[PDB]
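Here you get one chain, nothing else, as structure tokens; it is the form deposited in one PDB entry.
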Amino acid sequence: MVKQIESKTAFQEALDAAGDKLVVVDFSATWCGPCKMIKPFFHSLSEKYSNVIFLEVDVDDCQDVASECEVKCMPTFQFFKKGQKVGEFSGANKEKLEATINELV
């Protein structure tokens, strides 16, 4: 299951609620083609890694001031443990996505 995160407060609360679980965040845009191509794989991963938390952010929802949306290329995947960013890369590369979850879990 992937949780859609639509605000900064929801984002921060999700990272706190995770506890010791790895958190994976897909920052995507509804106009980005490669984001569409990888999205069902991201949801498949969420069923597989059932103790990892998967969040999706539509960057059109990012605040213009004081945002946690610190990204440049779509899609961007960020990885957090106990609220700290522990990994990040951009690009719809499925093998790199699953490899990074395994490296950080």
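Only residues modelled in both forms are compared. For the two forms, the rigid core is made up of the largest set of C-alpha atoms that agree within 1.5 Å on superposition. Positions refer to the first chain, counted from 1. Compared with the form deposited in another entry:
- For residue 66, the Cα coordinates differ by 2 angstroms or more between these two forms after the core has been superposed.
- After fitting on the rigid core, only one stretch of 3+ residues whose CA atoms all move by 2 angstroms or more between these two forms is found, at 62 to 69.
Go ahead and give the structure of the form deposited in another entry, now that the form deposited in one PDB entry is out.
No partner chains or extra molecules come along with it, only the chain itself.
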């Protein structure tokens, strides 16, 4: 249920099409083990929370997006509502990810 993002215009259109809904963005890289390990849990949240929009952005695919979003640690989870960033943290922490979704939804 994760939208796979493959350009900066695809990214901004996803943020623009989301309406009032929370958008959760997973910034990952293929060399990041924990990124790869949390991916099924990320997928699970998108099936569980059909009311929230989930995006995946690979930093090496999407360098322009990575650099504009000021990403540092892999994975980084950024949260948006109506185009605006409303949350951010890094690291593959499952419990923290879900809790953040429940705080912002």
